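Single chain ahead, written as structure tokens, the form deposited in one PDB entry.
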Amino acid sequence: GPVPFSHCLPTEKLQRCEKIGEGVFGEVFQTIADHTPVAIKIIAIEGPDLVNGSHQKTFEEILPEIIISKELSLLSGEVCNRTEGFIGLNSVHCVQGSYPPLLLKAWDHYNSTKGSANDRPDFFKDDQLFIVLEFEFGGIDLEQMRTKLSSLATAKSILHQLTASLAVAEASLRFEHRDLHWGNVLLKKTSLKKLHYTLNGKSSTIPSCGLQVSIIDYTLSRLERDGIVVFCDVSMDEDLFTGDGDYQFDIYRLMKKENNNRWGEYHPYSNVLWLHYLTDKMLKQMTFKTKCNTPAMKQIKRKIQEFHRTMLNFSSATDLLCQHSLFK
């Protein structure tokens, strides 16, 4: 059954952990495994204590996220529908223990410097179970990169990568992300000028602008394979649809409107909505290092505005990728 924390996180590996993110689910750390950067997502399961305002999931309830993470990871090595635009999954383990002090140390440092919305994970007993997901390290989230991007040409590339990755997953898996806020879009430097994807056997390229995009956090995601659907049922969630203060929180309501609160169904319009939300962030809440005060750059801005203006008339990421003028 479960293994101790030390089996996953030996001393050196613990000692190198930096907290990089969080959610109601728990905690995400960066560290090094075998001279290689990785991200570790740690989720308490099976206990009766409240954690970050919700009850803990059972093993069964975490399975969808495992399954989805594996399917999306495997898209990097497929042929007919291939993308690197999600994130690699290296391993999954069930560990038992109280939270390691060194993780609490890193948790504390993040709380001091960025602030946390979570409870300090220091109340878990030595019998507590967790799922520990080890992912490829994908870079730095778009929200934290909001002042660091070169130009709207970089924004273009990012939108295109996002759209293509979502299209490929629609075509292969009937996938919806369902929570693609800008904290879930990672950016990593690359010296490849072009990135490659394949959609339904047809290969294409996207100019990278020096960046490679990774879509992460499949907590709310949905997909299906051979008529078996894997999804998170939020039909009875209340709090999810009553946020405000950001367009993010309208997306949850607009998804519910689109699917009539039936979360098993496939409504790839949800991917369109998130992409609309992300385009909105690109035009409003980003500061680019080069302003668009050249004609060429000003033309890119108009195309993105045109995208913002019209994309809600498309029915899926596939529709957008294949048909929207922004990508021609």
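What we label the rigid core is the largest C-alpha set whose atoms superpose within 1.5 Å from one form to the other. Residue numbers count along the first chain shown, from 1. First, how it differs from the form deposited in another entry.
- For the motion between the two forms, which is treated as two rigid parts shifting against each other, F175 and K148 share a part.
- Rigid-body rotation of the smaller part against the larger part between the two forms amounts to 11 degrees, from C-alpha fits.
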The other form holds:
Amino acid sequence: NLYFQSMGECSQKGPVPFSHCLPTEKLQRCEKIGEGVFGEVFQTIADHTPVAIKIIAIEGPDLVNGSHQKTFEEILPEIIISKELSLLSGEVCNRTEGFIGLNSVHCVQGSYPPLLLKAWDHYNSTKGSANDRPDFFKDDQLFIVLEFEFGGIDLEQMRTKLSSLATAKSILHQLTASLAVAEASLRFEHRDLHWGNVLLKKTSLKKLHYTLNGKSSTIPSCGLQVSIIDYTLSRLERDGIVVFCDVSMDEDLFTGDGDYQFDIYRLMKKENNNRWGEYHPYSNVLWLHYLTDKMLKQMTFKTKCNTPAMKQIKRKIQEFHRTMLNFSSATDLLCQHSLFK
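Output the form deposited in another entry next; the form deposited in one PDB entry has already been displayed.
For this one, just the chain is written down, with no partner chains and no other molecules.
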């Protein structure tokens, strides 16, 4: 064990105990906030500030949540993507805070902490879990433990909670800007931006700031800051080296039904001729269209569009829905679409 922790930004070498990442008070305040086949996500408090902790078992031979554990080599591309996107908050020509911030990454060894099992149980009793109770791991088990800034609540879970379609406009504008900046900087495609992967949190900032190819602009917040998550299918590049998930031989991804989400996977494959290493930023437009579609058809707002000014916003979002598929990229949308003028 002769690697440094957290990409060289932690002085420990080799695996660390859970207690390195979750000292007793941080551990005691963990509450589970979500899950997937990968493992578990908890919210806790560090220095009076909420954070999210995502815990993924790696390198072992046996099944977790019905699937084999990834190796570190298998997970590394997504760690790289997460970090590159987070680093856009501190860049100059192409700058955005719209991707989830990555605080730290550790490789942890040990059995699962009993205090996290308690939090897992509470979630299972209240919301119900699709996962195995993570109490079967042995003292040799390795995990990747990622600490993200806390991003809030997902858009699907906020289906009935947003003020108005003005809020929807801000959300769409924030998403479009973040995707554009990542296109410009990293030739980035998200490739899986369903409404579970858009987070919303309160902000006291009235305007949010971004920079696209050296040009800075602002977006009225409507009191919310958007964060994009989930890079399972994402693609980007740096100095000509491409990191992407190769789904060219996957079958089931393209046979979904019952939501426009599942059409987007098929429409992506059409656009790229099943060649997933290429750059097709139209996929970002496809996802933004799916999101706009959710805003207009599945979201319900606390205040409807009662005045002609608000009815006009609604009409303009309907016009965005009808016209946006004729743009080539999130960059094209941001720079050219009337909605964002």
